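Participant: One letter stands for each residue in the lines below.
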Amino acid sequence: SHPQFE
Amino acid sequence: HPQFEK
Amino acid sequence: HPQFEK
Amino acid sequence: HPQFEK
Amino acid sequence: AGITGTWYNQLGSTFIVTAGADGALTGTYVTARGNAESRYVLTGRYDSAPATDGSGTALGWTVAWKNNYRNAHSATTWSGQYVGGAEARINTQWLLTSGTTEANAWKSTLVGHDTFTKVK
Amino acid sequence: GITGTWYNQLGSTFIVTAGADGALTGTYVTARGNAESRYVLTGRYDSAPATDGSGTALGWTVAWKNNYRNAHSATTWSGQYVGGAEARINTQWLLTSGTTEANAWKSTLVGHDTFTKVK
Amino acid sequence: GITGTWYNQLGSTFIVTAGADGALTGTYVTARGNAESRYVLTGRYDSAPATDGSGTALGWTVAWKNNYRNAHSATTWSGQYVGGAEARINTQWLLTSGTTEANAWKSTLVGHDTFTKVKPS
Amino acid sequence: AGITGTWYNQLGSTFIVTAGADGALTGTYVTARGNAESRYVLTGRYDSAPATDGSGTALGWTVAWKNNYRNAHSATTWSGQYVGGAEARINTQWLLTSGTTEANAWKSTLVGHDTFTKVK
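Protein chains in written order, with the authors' numbering: chain E, 3 to 8; chain G, 4 to 9; chain H, 4 to 9; chain F, 4 to 9; chain C, 15 to 134; chain D, 16 to 134; chain A, 16 to 136; chain B, 15 to 134.
It should be emphasised that the hints constitute simulated quantities derived from the structure, not laboratory data. Fair warning: there could be bad hints in the mix.
Straight-line distance between alpha carbons at most 25 Å, and here's what the computed BS3-like set of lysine-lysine pairs gives [stated by the list, open to error]:
(1) B:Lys134 with F:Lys9
(2) F:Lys9 with B:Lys121
(3) H:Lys9 with D:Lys132
(4) A:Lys134 with H:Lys9
Partner residues aside, some chain D positions facing chain B, computed with beta carbon under 10 Å [to be verified]:
(5) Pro64
(6) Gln107
(7) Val125
(8) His127
Stretch by stretch, here's where chain B covers chain A in the computed footprint (C-beta under 8 Å, at least three residues) [stated by the list, open to error]:
(9) 56–66
(10) 74–81
(11) 115–122
Using N, Cα and C, we set each Cβ at its ideal position, and we do this for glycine too.
Work the whole structure out from these sequences, hints included.
Facilitator: Structure below.
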């Protein structure tokens with residue numbers, strides 16, 4: 003779960 | 004370039 | 004991943 | 004290009 | 015296959031491919047001009063046993079830009095996945111590499127993306 | 016020139032044949048080296064390169080399924096062969112894994128490999 | 016025309032100011048949209064682009080650490096702004112994660128974002 | 015943090031960077047020619063609290079190729095990691111984008127890689 007794609 | 008020619 | 008297995 | 008100039 | 019058949023990008027090019035049961039992709043890539051001089055061989059590979067949970071099917075293929083009529087001294091590879099369904103698509107990222115001298119290698123490789131669909 | 020046995024920096028082996036028709040065919044062997052680690056490759060190369068000292072463009076694809084295992088991914092390598100004393104194939108690669116739509120945006124890794132004829 | 020609020024196809028927001036000296040500064044807000052989802056960005060752009068109808072080159076970086084969380088990674092976007100009717104910023108990006116030496120091959124992802132002034136659904 | 019200072023690539027370019035406590039990177043990029051006409055401003059960001067398991071320190075930075083002497087109407091971004099120790103290095107992949115008309119957008123973006131070290 004990376005922040006760029008959350 | 005052929006890939007992009009019209 | 005296989006490509007990088009040691 | 005500057006990034007690769009000599 | 016869901017992959018075998020004809021695929022179109024938004025710029026006018028067409029990819030005609032057969033997906034072999036053993037994981038092979040073979041076919042022809044035709045540039046926008048649609049001419050006999052605009053057809054080039056393609057070959058590649060795809061996962062012939064993909065997951066069945068809605069995940070895409072990994073695949074890639076290569077065109078070297080030489081035919082019996084012209085030679086652009088370059089090759090493109092596309093890397094991407096097939097997504098099936100009524101709005102089936104192949105989403106790719108591509109790398110185009112031109113032959114260069116050692117000195118000029120810095121400008122050898124272009125990067126970009128293409129989406130191919132079953133309808134134009 | 017191209018046809019032969021090549022090695023990357025990590026210990027993999029690239030066994031290739033460059034045909035008169037522009038075809039690349041062969042086998043990619045990962046660093047392990049056992050039977051489960053051999054994969055089919057296919058690709059294309061410029062069979063009539065410039066004679067001005069430029070390299071020969073080429074590319075090939077491995078799908079990471081053999082008869083033993085399946086990593087639901089494929090890698091393409093794009094690059095050029097530079098011949099002569101100390102022949103090398105310099106490449107950039109893209110590894111795409113099959114994902115759901117929600118995870119597409121993290122589907123593709125990029126990196127670079129240099130292949131030589133000495134291990 | 017660069018300065019303002021832009022949105023990419025996933026709903027993230029790029030809040031940017033283009034300085035007279037070629038500086039880009041601002042905030043990147045991930046699609047979740049809360050306080051924990053805001054990150055500082057900095058970059059550069061061509062402050063005197065060609066008048067032949069070409070786009071404006073630009074780039075920027077976000078390191079994915081704020082006061083609430085740290086993803087030990089950074090993403091750079093390289094691209095160009097294309098003005099006019101429906102303005103857009105077309106980019107490609109690289110996301111690198113800090114890794115050990117043995118894991119450097121899953122350290123960098125690549126992809127592409129298109130930013131417009133209109134938010135999608 | 016270990017990053018502040020002067021770094022060199024193998025082509026003969028130099029970059030002089032200061033890592034700020036807050037995660038900022040600011041500095042100058044100098045091309046291999048080395049003169050005033052070859053100096054460009056850089057700005058970027060880095061993880062100011064990296065993991066302590068031996069992982070590298072993620073970072074990235076941008077240079078726009080315009081100074082007071084010349085404009086190449088382009089920008090490069092480097093995305094990478096700093097690796098500390100006696101033989102410290104910064105390992106990167108880069109994207110160089112040129113401004114182009116819409117029809118020429120396909121040739122807008124080159125990709126490559128660079129490794130910077132503390133010694134020439």
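Participant: Now tell me, hint by hint, if it's right for this structure.
Facilitator: So, going through the hints one by one against the coordinates:
no.	hint	result
1	B:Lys134 with F:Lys9	15 Å, holds
2	F:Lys9 with B:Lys121	23 Å, holds
3	H:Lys9 with D:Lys132	20 Å, holds
4	A:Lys134 with H:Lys9	46 Å, violated
5	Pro64	21 Å, violated
6	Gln107	6 Å, holds
7	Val125	7 Å, holds
8	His127	5 Å, holds
9	56–66	holds (count 10)
10	74–81	holds (count 7)
11	115–122	holds (count 4)
Hints 4 and 5 from the earlier list are contradicted by this structure; the remaining hints agree with it.
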